[PDB]
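Novice: As a plain string of letters, each chain reads:
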Amino acid sequence: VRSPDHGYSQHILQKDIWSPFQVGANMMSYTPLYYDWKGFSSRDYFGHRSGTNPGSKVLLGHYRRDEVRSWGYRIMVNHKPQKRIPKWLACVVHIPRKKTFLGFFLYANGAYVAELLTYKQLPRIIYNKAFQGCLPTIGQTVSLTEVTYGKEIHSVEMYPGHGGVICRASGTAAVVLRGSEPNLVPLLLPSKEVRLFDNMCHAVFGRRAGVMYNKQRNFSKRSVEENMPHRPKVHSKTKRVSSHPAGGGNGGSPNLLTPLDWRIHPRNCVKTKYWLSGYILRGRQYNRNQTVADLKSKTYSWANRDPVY
Amino acid sequence: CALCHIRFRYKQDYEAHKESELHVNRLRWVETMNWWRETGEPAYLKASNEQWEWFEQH
Amino acid sequence: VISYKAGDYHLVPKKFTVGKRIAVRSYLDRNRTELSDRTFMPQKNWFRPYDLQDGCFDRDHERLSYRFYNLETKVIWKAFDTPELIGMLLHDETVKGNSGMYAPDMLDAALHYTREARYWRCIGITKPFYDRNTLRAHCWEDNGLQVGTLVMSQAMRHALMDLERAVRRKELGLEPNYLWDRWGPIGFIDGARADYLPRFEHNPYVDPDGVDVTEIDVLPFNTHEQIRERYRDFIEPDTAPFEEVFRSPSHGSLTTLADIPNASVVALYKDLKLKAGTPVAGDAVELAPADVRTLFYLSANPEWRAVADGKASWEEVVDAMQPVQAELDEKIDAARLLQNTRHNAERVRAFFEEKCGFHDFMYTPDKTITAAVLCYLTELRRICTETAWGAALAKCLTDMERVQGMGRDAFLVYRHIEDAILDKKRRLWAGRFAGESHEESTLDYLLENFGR
Amino acid sequence: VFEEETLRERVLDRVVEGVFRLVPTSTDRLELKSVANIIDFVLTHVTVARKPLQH
RNA sequence: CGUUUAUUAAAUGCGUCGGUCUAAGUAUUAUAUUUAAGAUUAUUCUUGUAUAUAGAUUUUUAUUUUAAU
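Residue numbers (our numbering), protein chains in the order written: chain R, 1 to 309; chain H, 1 to 58; chain X, 1 to 452; chain L, 1 to 55.
Just so you know, these hints were derived from the structure itself, not from any lab.
You may find that some hints are simply not true.
Straight line, CA to CA, 30 Å or less: simulated DSS-like cross-link-like pairs of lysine-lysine [as the list claims (entries may be wrong)]:
| id | chain 1 | residue 1 | chain 2 | residue 2 |
| --- | --- | --- | --- | --- |
| 1 | R | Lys273 | X | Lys15 |
| 2 | L | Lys51 | X | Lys15 |
| 3 | R | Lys298 | H | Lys18 |
| 4 | R | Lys192 | H | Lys46 |
| 5 | R | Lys298 | H | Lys46 |
| 6 | R | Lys57 | X | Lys96 |
Working from the sequences, and respecting the hints, build out all of it.
Specialist: The structure is reproduced here in structure tokens:
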């Protein structure tokens with residue numbers, strides 16, 4: 001196989017990511033793994049298509065529609081691989097709408113259910129078995145104790161035993177950072193914010209998957225943009241001045257000084273962190289400007305967490 | 001300066017903070033509280049005892 | 001005195017609280033990433049405690065009115081839906097505490113229905129019971145007043161057409177390709193689209209041989225009697241080719257090179273088979289004849305009998321001076337009979353694979369299966385009714401009480417047959433997950449090596 | 001997860017049949033496939049065993 | 001290449017980009033916007049909103065908003 005991920009490119013612009021090894025659609029929809037539900041569109045309590053009230057983290061993005069298609073491929077995902085029982089990658093299924101790759105693992109005590117598929121994994125191989133080393137094999141799900149400084153891990157679980165939440169998107173990877181804390185290990189999440197992950201947490205070793213998503217996936221076809229169907233996102237400056245303060249103006253009015261969606265979203269103002277966890281060390285704001293590498297140099301302790309936020 | 005919840009944006013004032021009316025006053029307050037706990041209180045409620053028990057016996 | 005430094009009791013256990021104040025938890029703090037172990041690890045269950053309900057049976061009728069309304073009626077059903085698991089619930093109801101599950105009566109009714117539930121399954125009946133009380137093969141053509149004229153639904157008068165069309169064929173002398181003899185547990189074994197019976201009038205089954213069957217044909221075949229003689233040859237399963245295979249040692253899994261001592265005894269079997277009249281050494285792992293294989297089990301578990309006859313320096317002597325434990329091979333074959341067809345929906349189907357030679361159970365037409373069940377229940381009765389060790393052995397569930405009644409040494413035997421069967425499965429399962437080649441490197445190289 | 005028959009029989013004859021001399025039905029043997037559930041199945045059929053306290 | 005009450009350089013739409021978000025959803029992700037794809041390039045400079053800020057105002061321009069007579 002050449003390049004287990006391809007920018008298939010049906011039309012010179014339309015570049016969808018085909019992967020050789022991708023299971024044909026027939027071997028995709030699996031009965032006891034397939035969930036279906038209507039997704040509420042953007043309607044929240046009283047219909048009323050609306051986002052979220054300013055302070056909350058339950059998303060009903062105003063511009064959302066056709067979230068669950070009804071005869072779209074929708075198998076559920078594990079996110080909790082088991083520690084050291086061998087796997088067996090049976091096939092590698094690729095759902096467009098959930099851009100994730102995910103391959104069916106046998107997992108060696110019959111459980112034909114495991115999905116998240118780390119980069120450079122091949123089908124019909126056994127994965128969760130360690131080589132001579134501690135657990136340094138691609139695909140092996142490793143507790144954060146067993147990793148060493150500077151090697152990527154994906155699907156890191158935020159709270160130990162509560163399922164993998166961090167670094168699930170394709171090609172993503174949380175890099176270890178060699179902290180000084182007694183029983184905690186700091187990981188450089190891809191958001192350039194570092195977080196004191198408990199060392200007993202479980203992460204899947206390797207990159208995540210399906211590299212060449214970061215770019216090189218471009219639909220530019222009216223039918224094919226139904227991998228991401230969303231509502232129209234109108235100008236905010238053609239919105240019936242009675243309705244939206246940016247409006248009218250006999251021509252192209254540039255826009256008002258302080259941009260606002262309906263309430264406010266001024267360009268770098270609305271930063272909506274309201275509660276920081278005890279584990280958080282430096283938010284994406286405290287690192288946004290340094291670099292990727294300089295954050296990988298230091299050792300991270302509790303004194304590095306800034307007493308004021 | 002976690003003592004008073006101050007992030008410093010301008011240098012040359014992070015230097016002049018340690019003697020600023022905000023820091024030096026927050027220094028005195030968080031100190032006299034220690035004074036009360038370090039010496040005062042274990043002696044204040046000492047005298048409050050040594051006069052009552054004086055009363056209920058004298 | 002009672003010391004207290006303050007900042008001790010919070011008034012709420014330190015889990016349900018912030019520094020002070022109980023904290024709020026509302027299924028929106030929670031992620032969906034927990035609860036995602038459900039894809040393999042099943043949720044908690046409430047296992048009901050097993051009851052011999054005699055405490056609820058203070059008097060007689062309520063005890064013999066659930067024998068039918070609850071126990072028998074679960075057999076008429078299982079004698080209809082899946083007659084192969086009809087030995088499973090016989091264990092399910094006796095593990096639950098019931099008395100006469102393997103009684104000489106429940107079987108001789110289970111085998112009764114299993115025998116006949118076939119001839120009203122081919123007639124077109126989809127539900128064995130009409131109401132709580134009576135069977136649907138006893139709805140007479142009046143309200144209930146007709147003598148024996150069966151109320152033939154449209155499904156039936158199209159199941160009795162396919163039977164009649166199969167008769168006329170072998171009445172024309174042709175081969176009677178009866179439609180529902182390609183019908184197995186997965187539907188049409190031929191991998192075809194199932195022909196559903198209330199067949200549309202625009203999809204009439206057409207055979208390019210000019211056979212006429214219509215409503216004018218099957219309407220006189222109303223009552224039960226004039227079909228059991230007309231379509232006798234098809235509704236009735238055949239019991240001849242399966243007559244005695246359950247009363248015979250057959251271990252479809254076990255291979256000649258598979259024994260609890262993997263070499264020592266088979267070294268004898270190669271030693272006896274080179275110094276022999278008609279000698280043949282063993283490299284071909286091909287399965288030996290069935291009965292000689294069970295000899296070594298009767299000669300490999302007990303190091304008593306491993307040496308008792310290992311001394312014997314001839315071929316037939318070892319092969320035939322052990323008929324005394326060959327009088328013990330049925331009392332163990334009654335065990336490998338029960339515990340095989342008993343526990344899971346899978347152990348039973350895998351069992352019939354060995355004995356009655358169903359290559360794949362899931363594709364063997366029902367005519368071939370209902371027979372094997374009928375030939376298996378017909379020998380459950382033999383075990384329960386004929387010989388005294390059959391009853392207690394049936395009602396035994398654990399090994400501890402199993403070893404007691406029947407041959408303690410006979411139970412030493414097959415628990416190294418079963419342990420040898422399952423260890424063959426160990427070869428298949430752990431056989432898949434022992435090839436480790438992964439790494440950061442060789443998982444890269446295994447691309448180009450996969451390229452050519 | 002004790003799923004594959006080869007593994008369930010390797011545990012059920014030893015712990016729930018061997019150590020405890022309990023015997024599980026067929027329909028419960030289905031969900032009796034985890035360390036969490038093995039513990040409960042015992043902890044019901046042994047709780048239904050203590051002679052009801054005799055007042 | 002869709003879509004509109006006086007029907008179109010109207011408003012959609014893919015990509016890039018800016019900002020926000022690691023205790024409800026995957027930070028090569030989803031919210032919130034400005035633009036428009038493709039191909040070349042994307043210049044000079046700041047007085048105010050925003051950010052950061054130190055009892056607040058007053059001060060204060062890494063990135064963003066708006067600006068350049």
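Novice: Hint by hint, note whether the structure agrees.
Specialist: Taking the hints in turn, this is what the structure says about them:
no. : hint                : result
1   : R:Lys273 to X:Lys15 : 25 Å, holds
2   : L:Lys51 to X:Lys15  : 37 Å, violated
3   : R:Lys298 to H:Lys18 : 28 Å, holds
4   : R:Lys192 to H:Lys46 : 56 Å, violated
5   : R:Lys298 to H:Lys46 : 52 Å, violated
6   : R:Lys57 to X:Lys96  : 51 Å, violated
In this structure, the hints that do not hold are numbers 2, 4, 5 and 6, in rising order.
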